[PDB]
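Single chain ahead, by itself, as structure tokens, in the form deposited in one PDB entry.
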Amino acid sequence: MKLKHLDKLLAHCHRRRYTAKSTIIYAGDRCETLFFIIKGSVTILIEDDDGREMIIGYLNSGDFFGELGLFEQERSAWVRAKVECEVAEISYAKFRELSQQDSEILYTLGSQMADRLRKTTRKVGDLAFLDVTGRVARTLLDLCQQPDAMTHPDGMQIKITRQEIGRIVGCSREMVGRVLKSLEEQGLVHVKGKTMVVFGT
């Protein structure tokens, strides 16, 4: 996508700011538009009738979301604002148009979906083949690649909670605390508050 394409999209949308934790998309709702993250981050969640939530992933500035109902549908997952979000909502009708005039816009959307299919297919493998300790270790490493990951002399540090890790791997916060106690005893990470340093990464 080129700056000229962004310009157009931003010229044909409804802007919206979302405060952290606010729900942008409700699973089940009818799809009618798609979004583009101008600034900030969002969380993709799925959950069982039980209330247990699972974080499928995070999307950041420059990403599109709410695009799965385009080609056809009802919202396939929950999209919640991780941090304050400047978001641009664009109708499916207006999007298919801007895309016919400029194919690179669709190509970029296709690129993002492709990236997500890979990520999600790896998540399937994680849930299928790895134990919790394994998954937690994998999640923390992945989290060190997020844009909110901070740099550190001894590696990388991140702001994260046990609950968030549990949502990502699929286990209680209690078990996460246990895995961390072990990882720390092994000196693989060092936890301190909502902050955590992961050495050598």
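Numbering follows the first chain given and starts at 1. Here the rigid core means the biggest group of C-alpha atoms that line up within 1.5 Å when the two forms are laid on top of each other. First, how it differs from the form deposited in another entry.
Superposed on the core, the two forms barely differ at residue 174: its CA moves less than 2 Å between these two forms. Core-aligned CA deviation for residue 51 between these two forms: 2 Å or greater.
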Second form
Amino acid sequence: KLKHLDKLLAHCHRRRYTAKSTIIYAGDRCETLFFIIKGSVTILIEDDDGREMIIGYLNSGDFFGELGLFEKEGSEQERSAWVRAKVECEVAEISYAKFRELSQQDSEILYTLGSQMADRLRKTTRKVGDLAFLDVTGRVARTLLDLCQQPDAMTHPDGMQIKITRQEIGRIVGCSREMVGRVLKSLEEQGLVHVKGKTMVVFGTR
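Can I have the other form now, the form deposited in another entry, not the form deposited in one PDB entry?
Nothing else is written out below except the one chain.
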């Protein structure tokens, strides 16, 4: 299961982050690995023009701040992205040093980190393909269907219910909020979606 990380979680300070609080700022030094006990985070980078873009989300059981543990040519790395609390989050903080020791005495901790990193690489590579091959309408639709199969998605009698804004969809797909607003109203009249303010229901997805 995940028992092998209990030796790790016993050596963790636990912090709380309210919604929208920034946990990691892109560009900083990397000395701390995080582990989500409760809540969820948003991974944001900045685009060619400096605009925010949402890459994805991490949830319970996920490590973050781990890419800085691995040094290209053996020297300091900086935080590759911003990690912001999406809802209220209880996270466990562990030093890179204590991790190296614990991943020294038990290699299944690296194996778990590797599984999570591999899945992130698969998802981000598909995101590359979505941006290159799909126009905005197809990207909004693929985002709704994708969020329906990720955690924090809700079973609805007519399908699934996800908690998300059109501003957030626009930052995910790479367009303005007013055009994602148009696409969402068109997809609604076509029977794919319902917008509910702070929640959207995607039909035919259960």
